[PDB]
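This document starts with one chain, in the form deposited without the partner chain, laid out as structure tokens.
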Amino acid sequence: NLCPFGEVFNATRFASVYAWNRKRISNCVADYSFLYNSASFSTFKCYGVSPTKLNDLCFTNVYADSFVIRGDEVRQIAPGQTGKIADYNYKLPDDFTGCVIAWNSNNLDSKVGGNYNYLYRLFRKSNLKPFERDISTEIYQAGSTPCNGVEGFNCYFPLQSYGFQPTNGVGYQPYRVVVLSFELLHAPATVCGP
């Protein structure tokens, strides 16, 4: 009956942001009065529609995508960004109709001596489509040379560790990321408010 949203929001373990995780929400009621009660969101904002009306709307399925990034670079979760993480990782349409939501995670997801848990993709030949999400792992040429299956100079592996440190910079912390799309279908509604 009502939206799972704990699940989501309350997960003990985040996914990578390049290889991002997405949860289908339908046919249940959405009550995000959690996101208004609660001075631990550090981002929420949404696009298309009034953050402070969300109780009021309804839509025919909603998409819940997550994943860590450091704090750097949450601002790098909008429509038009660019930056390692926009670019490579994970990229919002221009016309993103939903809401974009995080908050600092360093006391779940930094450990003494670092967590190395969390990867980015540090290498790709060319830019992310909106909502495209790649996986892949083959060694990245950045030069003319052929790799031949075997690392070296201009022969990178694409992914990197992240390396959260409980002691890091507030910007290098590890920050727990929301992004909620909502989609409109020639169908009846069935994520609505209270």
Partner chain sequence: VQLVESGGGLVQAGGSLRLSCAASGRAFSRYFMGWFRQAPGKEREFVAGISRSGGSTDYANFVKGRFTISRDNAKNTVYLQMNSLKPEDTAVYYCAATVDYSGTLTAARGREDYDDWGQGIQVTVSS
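Numbering follows the first chain given and starts at 1. If you superpose the two forms and keep the largest set of C-alpha atoms that fall within 1.5 Å, you have the rigid core. First, how it differs from the form deposited with the partner chain bound.
Rigid core superposed between these two forms, residues 19, 11, 170, 185 considered: the one with a C-alpha shift of 2 Å or more is 185.
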The other form holds:
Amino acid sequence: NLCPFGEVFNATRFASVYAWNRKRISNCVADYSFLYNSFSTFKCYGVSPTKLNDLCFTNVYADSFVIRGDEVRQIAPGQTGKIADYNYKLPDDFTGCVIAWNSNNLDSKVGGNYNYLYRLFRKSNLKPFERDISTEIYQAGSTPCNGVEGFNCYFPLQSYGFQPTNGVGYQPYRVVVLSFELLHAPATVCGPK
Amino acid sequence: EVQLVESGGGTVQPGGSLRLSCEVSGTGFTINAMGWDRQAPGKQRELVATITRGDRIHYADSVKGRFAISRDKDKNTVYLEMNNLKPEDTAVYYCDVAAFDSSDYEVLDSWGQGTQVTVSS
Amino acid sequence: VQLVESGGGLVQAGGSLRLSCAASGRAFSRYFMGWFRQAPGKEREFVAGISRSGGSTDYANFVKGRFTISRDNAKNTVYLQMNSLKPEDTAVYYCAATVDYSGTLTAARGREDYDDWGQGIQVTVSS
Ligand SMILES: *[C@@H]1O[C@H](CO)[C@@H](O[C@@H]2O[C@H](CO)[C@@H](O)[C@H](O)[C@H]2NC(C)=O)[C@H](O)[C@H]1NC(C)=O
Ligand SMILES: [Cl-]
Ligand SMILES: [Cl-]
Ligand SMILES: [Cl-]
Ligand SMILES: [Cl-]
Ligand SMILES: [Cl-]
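Condition change, the form deposited without the partner chain to the form deposited with the partner chain bound:
Below, the chain from earlier opens the complete complex, with every other chain and molecule after it.
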């Protein structure tokens, strides 16, 4: 019956962005009221959020993860940067909403929370909604790395290390990306209407 | 969440040493980090030491040089060697694992149940 | 880019007021524009938003049809017409701008979604 957005937004644990989680939302009635009551980011693309309770979609996805505050702006169509290019990429024609909030109180700890990782290097940009969880050594220079770290040869994931005294641009933010897809197929995820 | 087993802990004389172990069992998940935090009776939870993907070791300042964390070479267990212990090290120590289901990226992170360490004469 | 607000002031409950916010520069048709309010003892909160062409508007739940956001790109100005004002609406009102890089931004409500702010104008609705 009611779509389980609470399992996504109020999950006690969130994914590392390089291993970002997707929840598919389907065969359910979607109450979007919680969006209008809190969030530090709430941007939508191609859809008016106050209309969602009167709209139907064929697929709805909720993608979630943790990044730094000053990276939230990269979660938008058209953006570039290590997160948009190497970790989580939206398509140019994204239709949906990007929601984030400061999670310093849960995701940082004294001495540092290193549990959250991101991909610092990649040979090419991700395609939209691509996920890369590989751990090959990254060749930054002319010399082949032969699988071994060294000058110009780097392990590709890095830990954020969130400390509660970080400046707010470096604190952890939880992000949910809602995709509303209107496809050539019956639109069976509707609001109450 | 992943299933953890902690061992070690208990009472030790000041200046003595203890070894804690934290094993994550089972399959089907990918590990992002394994480490130890601690929480003293009043204070908030803090890092002690953790090992993240790529064998990167991170220590809290209050233990660097006295504690050593290491990864077992044949199973997913990490060890905390605590040397030269002092009364202020008395705390509940928690195994802290971040991991995700390797097929559907469900977040499986877990705190252990906590193990008391008491440093007193 | 500098944003400068005008209008506002004191009004009797049930009355109306218009705020405006004029932007410097030549990039104004690129901007999604928002209005925010900051009332005594609360953080800044979203009121209304408008897409760069004026094709899409967006209102906080407390607007209840009472306010209209509009823009005139040829005067670099966004407006907030506020009707049927309540004392609950007393607050410092801010203008804000964010660049619609993808050309598809239809809402922006977070404090951290905007990079340029107007100076704030006090609006006071008396009982
Ligand atoms: C996540 O949890 C919060 C807290 O329980 C939910 O917010 C509450 O929702 C109820 C009913 O919608 C309201 O009566 C409360 O006033 C809300 N509290 C707060 C602090 O906002 C929220 O709905 C949950 N999120 C989702 C997506 O279900
Ligand atoms: Cl719409
Ligand atoms: Cl590649
Ligand atoms: Cl900062
Ligand atoms: Cl309205
Ligand atoms: Cl216009």
